[PDB]
Structures are given as structure tokens and as C-alpha cells.
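Before any questions on how it binds or moves, here is one chain, the form solved without the partner chain, in C-alpha cells.
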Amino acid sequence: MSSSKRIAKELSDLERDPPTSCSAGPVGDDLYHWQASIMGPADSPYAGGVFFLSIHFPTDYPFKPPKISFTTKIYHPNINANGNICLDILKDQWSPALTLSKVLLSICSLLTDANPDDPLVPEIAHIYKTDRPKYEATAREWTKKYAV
């Protein structure tokens, strides 16, 4: 009811004013399980790649954050092998005032500017802090293979 109408509202807002590089909507007619895709920023080792996200809205949304997993394989210090993303606003900083499109933005940005202080993958984090080139080189490789 409050959960069903809040998601319908957000879907409708997109169904009108469409984002540019982001693209999201429900899978099938399941209003609680969405799928989305985004392109890697131009100034990132993910540039040109296409990433698919899986989205699960909590039954008590928007008072509880949505579950966002990455479908595509990505080499990022804040994203692990299962697609989990360590992002502040998907947890401790979540708030009913935020939207999914707002969550998508913070993600386009996370890829542009990772956060080595939230080492969800310590190996990728260390390579990041000390040998940025090795990391940027490996990020682009994985983009060619998977982000297509």
C-alpha cells in the first residue's frame, strides 16, 4: 500500500522524464524486482562498458533501503565477486527522501571515484592505493570481457 504506491510513483516519474545513461524498470510485472543497466563513465576505466544491476525493494520501502546487486562482473574495490556494493546510502545513510535514481547516480559516481576506505575487496583496494595503473589496467580488461 505505502510500499506499493511509493514504487509506482518512482516508476511513473521515470516513465515520463527518462534519464540519459541510466535505464531501469521492473522485470516482468514484478514491481518489487527491478533490473537496470548503466554505462561506465567516459573518464573511468569502465568507459563504454554496459553494467546490469539487480534490484530488490524491501516490503517496507522507502523506510528501508533497496537491495542492489551487480549482475555484471566488475573490478572495483567497493564491489565484490557477488555484486554487493558498499555504499553509505544503501545502509547507514538511507532515508525515505532518497530515490532509486538518486542511488543510481551515486553509483555512476562510485565507479568514477571509488572509496579505498571501504575495502569490500582488500586486494583490489591495496592495488588501488599503491599501484593505480595496475588497477586501472585490470579494470579496463574486465570491462572488455564482461561489460558488453
Given for the second form:
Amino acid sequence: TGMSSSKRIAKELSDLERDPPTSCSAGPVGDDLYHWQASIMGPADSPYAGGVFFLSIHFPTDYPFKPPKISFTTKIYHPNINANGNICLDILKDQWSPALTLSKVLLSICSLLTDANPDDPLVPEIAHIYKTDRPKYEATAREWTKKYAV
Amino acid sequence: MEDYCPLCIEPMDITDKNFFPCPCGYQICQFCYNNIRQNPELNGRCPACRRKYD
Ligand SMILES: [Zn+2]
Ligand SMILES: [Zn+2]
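Next up, the form solved in complex with the partner chain. The previous block was the form solved without the partner chain.
To see the whole picture, the full complex is given below, headed by that same chain.
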């Protein structure tokens, strides 16, 4: 019959339309409620300021007991985001909660763009630069922002 | 909002509204509760304060 995961998504969708989307935006791709396309703005605090980053969201059939498959569409230069757009966010894997909404996740992504975690990196090459030559990291991150996200 | 399970969006019964599986006060359905504890992939703790069920 009716899926439990189907209702949880619909409820969050209602809360996102009632409340102001603010510095974010997310909606279901076409008709499928399990395929979403998000779009968050780069924080001013971060070197990703001025850029708009698009994401691909795939909800599982046993949502919210499992995290949605979230990845980046826009090429981004980050120690915890690789070339495929996959995010090394703790709250996504092994720290997930059925109470955590998509809004909380997208906000956590913003909080990751501002303050990365080179201690647990997804891209060693960038994390190495982040630790040894932060000025070089900041420059490249802005160059990619103005080239891909703008 | 109120009188609804925050996980499966189902009407909370009279047997569910008086069910406090965690001392924090976070309330979920009897089915969502058992789902968390039993499912092999799930951790089996409160979605709020991550306190283990007993
Ligand atoms: Zn429930
Ligand atoms: Zn709790």
C-alpha cells in the first residue's frame, strides 16, 4: 500500500514551501518524490561566496531511516567533496538520524563549505594543501567558484 | 505537527501518545520504534539525543 517514506518526504516538502527557502532552494524533479534537485548559495564566510551550487538528491525507499544520496552537480574544490560530487559529511553516514530533515542536511553542507575537516579528508591532495598552504587553497576555491558555480 | 509521528507521518494512537521510549521525550510510533531496534542496518537509538533504547 502507501509507503511510509512517501509521506515523510511530502511533509518536509510542505514545510519547505510554507517557510522561506532563504539562502537555499529544493524541489522534487518533475513528478518523482524520491528525486530532488537542490540549490544552495555559497556562504559569505567561505571562499565559495557569489556562487550557486546545484545538488542531486535521491531518497531511499525506507526514508527517513536511511540518509538520502546527496551529491554535487557543480564542480567544487573542497577537502571533503570529491570530483564526483560526493560529500564526506559525518551526519550523512554513521551519524544519521531519522529526525534530521533535508533542511538540516543542506544547512550542514553550508556549515561544511565554511569550515572543512582536513583531519578526516575525502581528497588527500586538497587536504594536504589546506594544511600546508591555506592561501593557495583559498585562491583555487574561488577560481573554481567563478568558473563553474558562476 | 502535534499528534503525529515525525517519522512516518501517521496519526498517533492513544497507545502511542502515552509511549515514552526515551527519557528525552521524543515520541515515535510503535512500528517506527520496533523498526529502529530490530532492523540489522539501523543503530537502534533515539533519533533525538542518540540515547540507546532499553
Ligand atoms: Zn511511526
Ligand atoms: Zn532521546
